[PDB]
Each structure stands twice: as structure tokens, then as C-alpha cells.
Amino acid sequence: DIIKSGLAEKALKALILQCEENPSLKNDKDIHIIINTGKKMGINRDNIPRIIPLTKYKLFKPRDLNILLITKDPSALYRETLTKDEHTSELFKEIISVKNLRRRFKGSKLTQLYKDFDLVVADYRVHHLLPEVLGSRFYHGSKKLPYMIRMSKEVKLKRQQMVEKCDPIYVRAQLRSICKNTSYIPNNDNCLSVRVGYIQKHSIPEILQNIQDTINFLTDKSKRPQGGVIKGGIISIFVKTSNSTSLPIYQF
Amino acid sequence: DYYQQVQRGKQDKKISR
Amino acid sequence: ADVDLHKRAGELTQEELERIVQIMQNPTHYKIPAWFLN
Amino acid sequence: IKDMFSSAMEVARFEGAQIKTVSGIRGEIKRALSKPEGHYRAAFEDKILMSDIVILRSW
Amino acid sequence: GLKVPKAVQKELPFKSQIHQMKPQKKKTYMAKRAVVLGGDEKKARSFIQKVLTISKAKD
Amino acid sequence: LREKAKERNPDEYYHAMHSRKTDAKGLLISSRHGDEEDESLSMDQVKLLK
Amino acid sequence: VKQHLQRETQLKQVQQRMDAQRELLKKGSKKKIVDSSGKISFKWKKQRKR
Amino acid sequence: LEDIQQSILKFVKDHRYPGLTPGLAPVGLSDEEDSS
Amino acid sequence: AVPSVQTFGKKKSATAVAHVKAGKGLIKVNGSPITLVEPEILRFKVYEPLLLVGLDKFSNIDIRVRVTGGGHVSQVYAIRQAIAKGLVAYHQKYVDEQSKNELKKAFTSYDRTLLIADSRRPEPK
RNA sequence: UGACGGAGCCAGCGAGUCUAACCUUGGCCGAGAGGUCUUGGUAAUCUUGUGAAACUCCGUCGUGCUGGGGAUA
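Residue numbers (PDB author numbering), protein chains in the order written: chain A, 6 to 257; chain B, 493 to 509; chain C, 50 to 87; chain D, 948 to 1006; chain E, 1066 to 1124; chain F, 51 to 100; chain G, 201 to 250; chain H, 139 to 148, 178 to 203; chain I, 3 to 127.
A few of these clues could be false.
[As the list claims (entries may be wrong)] Computed from the model, here is a short list of chain F residues facing chain E with C-beta under 7 Å:
| hint | residue |
| --- | --- |
| 1 | 51 |
| 2 | 64 |
| 3 | 77 |
For the record, the hints were derived by calculation from the structure and aren't laboratory data.
For each residue, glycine too, the CB sits at the ideal point set by N, CA and C.
When you get a sec, could you build the whole thing from the sequences and use the hints?
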């Protein structure tokens, strides 16, 4: 149940005070919680990041970060209707397609692309054929791992084709949802990292509140495809910046 | 100080094992 | 800033030029996205 | 070949030496590569595999 | 298997030409027509297959 | 096989190069059905099967 | 009983399509009639059988 | 039995992509309208 | 069942197979019409087998060309060679020999490389 | 003979059960060897075939070189 006590608050405070002064982690500005679940969660790791909805703290607005958008084959429909809409006309730093993306960016161009952007968002029909195009730098770890979006609010039936349109209000709504919420990727073992909060865009009670939000959404029973994956007793929590130790919370 | 407490804790846990 | 993006920069009224320089002076509260400026 | 030497000076010291894999595929080291330091180019009897270890028997 | 190149195998003699038949991509009418029997017949088919592979592997 | 391709002798007539034929890329068409059957069956055969 | 009913109506529909195809390939003059949707039908010429 | 007797007597889903149903974002009513 | 004729046109590594048969008059290169053959500045290199002899020869026959290999200009030279010698071979086999060698005379007076390529090279001086 | 930004297109070589990174942050299991998960950084002519680039077309600009500590927001 409820996880906000003096142990959690002291650990998170001491982590911020350590990362302000320590000359070994003055570049990574992030807090992750490591959930040590009881059992091994069974579902294998596809690289599709499911979305954990925070309830009362937008941790990122879609305009304070670089967004790369990856589209389908002809890309003219998505590029024009996204760039001359003025609901979405300034939201994407880049809009490209998979064919000319893998044509242009080969080798160290991918390292420059990694350092250039910080939100990779793909059309869901091309999201699966990305781990060869974007290489393994985007899939080792998870900080620039691409998100699925549906571009049209239209569903495919059998024996008939998806009519090719796109909806800029709908795609702004789901990028707003993506930047407003946090995310996780399931795996086989009992370790699971979830990003919660930033180093100066956030503070201790809101980081603690969204920590408890991710806990509730994860060990929930309903919301079962997207969130109900912790089937057993969640055993431990830790907080860490990417080069910082695992400050423990809630040892059950 | 709690930072150094817990990193010494995991260090001496591994040393004890 | 509503100034037409085809005018030459000489023929600028001072309210248009002060709107331009006001937007470029305080870009954050005019909710300009943070990737335009580095 | 990756790491039996730490420097191109060391490989230069050992040029022309006969090596072999653990499969008995004989070989010879030919020239030190430039940018990765202890890495060199060897030529073998035929195509060796990625699951092999080369060996320079010295005394 | 031995993968003979297309540039070689298009220029082969008439006796030496390699009969390589392509897979079928169309759900043809005879295959969508033809009936297979079930239950006791499919377990008879399973039994005869198990017996024949045990006989061949023993030989 | 490369040596046989070098020594094809292009004035090589067989009687089986009436029945056997060649696809667009130049390789050999092998009909995957039969060679004792026929792939296309007649209209009255289709009437009886249907 | 409900799944007997589902099996029976699916078998009725597939035999109806099979019978329309068989009826179509007999003989006589006919044209392909297309509706609003794309459900095609075949309308036969007003001509009695000799 | 009443529905079965009546029969006897009378959330997105992409088919090709099964990863979309955990994939796509839970959009809200607070996401589609106002100033960004 | 139809009177048909197959010819070949080659430049460096492009090769074009042209099937000519009797028909309504459609000339199709790689499925698309002949009026789509890029690089669009050599479309008249493709056209000159038609304009040298008139379209009234092509008013009763339909040609189709399949072109593989090569580059842009090698493919337009393969196309024009295939079209030219296919028209000549059709008028040989199924129309009269007088129109056959009138076509050969017209193409050979323009350039005989419409009909015979320059094939085996170099010269060892 | 440029610079941005889209689009159309055209090859021939090459098929060994073989082809291919490094350094970390931590969780869990294990007696240990280790296993598995997690995580940030660096490197990159990617990986077996589909595909080349120069080229062609369509919008947009508009041709007088490079530096660090100093000093204005």
C-alpha cells in the first residue's frame, strides 16, 4: 500500500544532496526507481514501452524537448499535415521516414542522432523494424527508446485496408500523454526500472507522489495489459541516478 | 551521509559473503 | 508576431519590430519550444 | 586479432611469428593495425571462426 | 546445402540443369478442395508415421 | 559445375527441350505437380469435382 | 444446440456460394451484375433451353 | 439460457501489430484541447 | 496462337527484350507506356524508331519491352535497338519483304546501331 | 557548377552451421563458477542480396574567407 515514510524521504533527499556535489555524476539529471518484484514477471522483453499514467504531475511538456518522428513509406501526408496544421506545426524537431532515415544515418550518424534528440517517436506500423535502422545504441538501456503512436485513430479490419489519413489533434494528444506520463518496459527477471522525475524540474513531494503513482499502476489488478504486471509481492524499491547507488525504500 | 551508509552496506555485504 | 514573412526588413513599423524583439527577448513565456534555441 | 598485445610496438617486436588457433589452424602475424593498439592482422591456413583463440607459443 | 549461383546455373548444359522448383504462394483449388479425415484416421496417420521412422532409424 | 558451364557447347539439341522450358531469369522451370498429371484440368473435370 | 445452429448456417452459406459457382459455369449467356456494395451477381439472358 | 434460447429459436486492436494494445498512449480529455 | 516476334537490344550491360505482335497499337516499356521513359531528355532517342518510319507502321501492332541491367542511357539505347529490330523482324515475318527492307534501309540510313550494336572491344595496339 | 528541403529512377561483382564492439550503474539467484535482469557513456566502412552514387525533376535562398582569454546584456 502507501509508500511515503521517513526512509523514502531521507533516501531521496540524500540522493539529491549527493548528486549536487559529487564530481562523478554532474551530467546525469534523472531519478529512477528500481522495483525488485517478488517473482519473475513472465512476459518477455519486446522493446515497446508501455505507459504509466501519473495522476497529478506533468513531468514534461512536449515543447521542452527534442522530438524525432518516424513515419511510413511515402511520408508526404504525415509531413505536410503535421507541419502546416498549427496545432502540431512546431512540436516535432524532425519528421522523417524509415527508408530515407536508414539511407541517411549509418554508423556514427546514429551516435550524433542519439545525442541530438531525446524523444524518439515512431509510427506503430514501423516501430518493429527500427532496431536495425537505429542500431543498438537506442536499445541498450532505455532512455531514447522509441514510443509507439497511432497517427489516425483508425482501426484495420480484415479484407480491407486502412485509409491513409492522419489526425494532428490526436497525435498531439498522444504526445502530450507520452510526455505527461512515464513509462516502463517489461522483462523476464524481477528487476524493473521506471524513470520518475528530473533533477531541477521536480521536488521531493511530487517525485514521491509519482513514485507512489507508478507503484499503484504497476501492482494494480485491473489495467492488466498496460499495467497489471506485478502479480506477486513487490519486495523492494530503490532510487538512483544512472551512476549513483541504489538508495533503498520499502524493504517489505 | 545515508548515501555513504548504504554504499558501505552493500560493500561489506559482498565482502562478508 | 504577425509580420508577413516576405517583407524586406527595411519597411518595418516600430510596433512590428518591437513585437519581434520582445518575442526574441523573452522566448519562454511566449511558449516557444526549447529546441528552437540552444 | 584483438588482445594478446598492448601496443603496436609489441606487435612490431613480434611480426612474422607463427601462431595457431586451438583448432590447429596454423597462421602468422603480419602487421599491426594502426588505430586499435594491440590489434593486428594475421593470415591463416583457411577461415578461422569467431569462437577461436589464437596462440603464440613462446618460452 | 550446396548453393550453386544463378549466373552459373543459367549457363549449364541441358543434362546438368538443376531442377529446383519454386514454393507455391497461391491457395490452389485442389489443395483447398482435398479432404483429410480426422480422429481415428489422424491417429492412424500418426501411428504409421511413428512406426515408419522407428523402423528407418533402427535400420 | 563451373567447368561444365564453360564447356556447354550451345549447339546442343535434345528432344526434351520441347517439353521442358525456362523462366524469365533463364533458370529451369520445374513443375511442382506431377509430371504424370496435368496442372490445369478441363472444364468437365472441374464440373465433376465441384 | 446453439453451435449446431452456427455450423448449419455456415454450411448453408458455403454450399450456396458453391452452388452459385456451379450454376455459373454451366452454359448460356450471362453478364456480371455489380450492386452498390460490390456483391456481384450474374444475370442470365432471357433465352429458354433448346 | 434466455440469450441462448433466443439465439437457438430466433480499446484498439491492430490485427497485424499485437504490440499496439500495450503500446499506444492513454490519451485523456485534458490532452486534446487547451493551450499547450 | 498469335503471330508474335521477340528481339533483343543491348548496350553495355542493359538488355531489352521486345515482343511484337498484332494488336491495336500500344507501345509499353516495362509495363508503363513509352511516353514515360526517363531521363526524359533521351525520350526522343527512344522515339526515333517510331518517328523515322511513321506511326502508321505501329498502328496495327503492339510492342512490349522488358529492360533490365545497365544505366539510364544504356537502357534507352537498348530500348531503341529492341524496338527497331523488332519492327523489322515483324515486317519480315508477317508483312511483306519490301516493307521489311524499306525499314532496314531507313534505320540503316539513320544509324545502323539501331540494328547492330558495337559489341566486342578493345584493340590491343 | 552553390546551399537548404522533398520526389522519380538505373547496375554488375559477392552466399563455409558462417559475420563479428568496448567501458560502466545497480537488482536478484548461487557455496563458488557464474547466470539473468537493469542502466549510462564511448566507438561504428553495420549486419548476405532489397539498395548504389553521380544523375533527373519540383519549392526556397542568394554569391567580398578564418581565432581565443579581455570587454555590454
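To see whether the hints hold, each was checked on the structure:
Hint on residue 51 of chain F holds. Least Cβ distance to chain E is approximately 6 Å, under the 7 Å limit. About 5 Å separates the beta-carbon of residue 64 of chain F from the nearest beta-carbon of chain E, less than 7 Å, and the hint is met. Hint status for residue 77 of chain F: holds, given a least beta-carbon distance of 6 Å to chain E, under 7 Å.
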